[PDB]
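Asker: So you can see what is in the structure, the chains are spelled out below.
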Amino acid sequence: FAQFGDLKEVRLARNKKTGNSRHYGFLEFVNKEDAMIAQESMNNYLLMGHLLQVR
Amino acid sequence: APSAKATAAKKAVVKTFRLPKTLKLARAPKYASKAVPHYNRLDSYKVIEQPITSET
Numbered sequence: 111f112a113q114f115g116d117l118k119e120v121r122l123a124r125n126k127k128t129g130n131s132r133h134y135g136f137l138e139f140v141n142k143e144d145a146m147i148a149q150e151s152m153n154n155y156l157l158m159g160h161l162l163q164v165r
Numbered sequence: 002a003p004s005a006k007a008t009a010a011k012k013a014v015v016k031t032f033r034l035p036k037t038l039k040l041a042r043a044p045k046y047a048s049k050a051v052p053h054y055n056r057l058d059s060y061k062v063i064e065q066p067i068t069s070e071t
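Chains as they are written, first to last, in the entry's author numbering: chain o, 111 to 165; chain X, 2 to 16, 31 to 71.
Okay, chain X solo, but in the shape it has when bound:
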């Protein structure tokens, strides 16, 4: 027989997938593309253009 204890001693001597939800960083640009904010495109005054004085 090989004396399995000797074999153990010899061994000791010798020795559905899917895209994981990875962390996503939110946008944090170093600078704003249009830092200077734009004024109201359609303010209250611009909503009403001209009065209508038709007799009807």
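Bound-form chain o, shown alone:
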């Protein structure tokens, strides 16, 4: 996501017991326009195993 622009904060939801991730997370951009552009460009971008979902 840094390719689109500067990223302020990024966090991932991981299980409390095991270190593996929950396959979902959140991140924030320094600009709302960049964030919405990234969401539009990755709204239904296909990825290995499953299509990525961003809102």
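Each hint should be verified, as a subset may be incorrect.
Derived DSBU-like pairs (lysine-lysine); straight-line CA-CA distance at most 30 Å [to be verified]:
| id | chain 1 | residue 1 | chain 2 | residue 2 |
| --- | --- | --- | --- | --- |
| 1 | o | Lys142 | X | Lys11 |
| 2 | X | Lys49 | o | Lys142 |
| 3 | X | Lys16 | o | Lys142 |
| 4 | o | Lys118 | X | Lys49 |
| 5 | X | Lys36 | X | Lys6 |
| 6 | o | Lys142 | X | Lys61 |
| 7 | X | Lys49 | X | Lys61 |
| 8 | X | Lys11 | o | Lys127 |
| 9 | X | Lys61 | o | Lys127 |
| 10 | o | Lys118 | X | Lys61 |
Bear in mind the hints are in silico, worked out from the structure with no lab data behind them.
Starting from the known structure of chain o, arrange chain X on it as the hints suggest.
Answerer: Relative to chain o, chain X alone:
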């Protein structure tokens, strides 16, 4: 501002004439039209038809 870096990332995600001297093949027929060659039309003997014996 649109953060032109984001625009570039979005673009990357989305994305006198004359008859040219062409090669010409030379004739190579599978067969000769008159394979049997013709003999000399005008040989040395046929060049001279008859002697002239005029007194002049």
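Asker: Run every hint past the structure and note whether it holds.
Answerer: Cross-check of the supplied hints:
This hinted pair checks out: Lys142(o) and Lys11(X) have alpha carbons roughly 15 Å apart, not beyond 30 Å. For the hint pairing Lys49(X) with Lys142(o), the CA-to-CA distance comes to about 87 Å; that exceeds 30 Å, so the pair is violated. Between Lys16(X) and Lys142(o) the CA atoms are separated by roughly 23 Å; this keeps the pair inside 30 Å, and the hint holds. For the hint pairing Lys118(o) with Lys49(X), the CA-to-CA distance comes to about 90 Å; that exceeds 30 Å, so the pair is violated.
Distance check on the hinted pair: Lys36(X) and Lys6(X) sit about 49 Å apart at the alpha-carbon level, beyond 30 Å; violated. Pair hint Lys142(o) plus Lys61(X) does not hold up; C-alpha atoms about 107 Å apart against a cutoff of 30 Å. Simply put, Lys49(X) and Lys61(X) have alpha-carbon atoms about 23 Å apart, close enough for the 30 Å limit, and the pair holds. Between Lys11(X) and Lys127(o) the alpha-carbon distance is near 38 Å, which puts this suggested pair outside the 30 Å criterion.
Restraint check: the Cα-Cα separation between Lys61(X) and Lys127(o) comes to about 118 Å, which exceeds 30 Å; the hinted pair is violated. About 109 Å separates the Cα atoms of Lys118(o) and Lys61(X), which puts this hinted pair outside 30 Å; it is violated.
Checked against the numbered hints above, the structure breaks hints 2, 4, 5, 6, 8, 9 and 10 and satisfies the rest.
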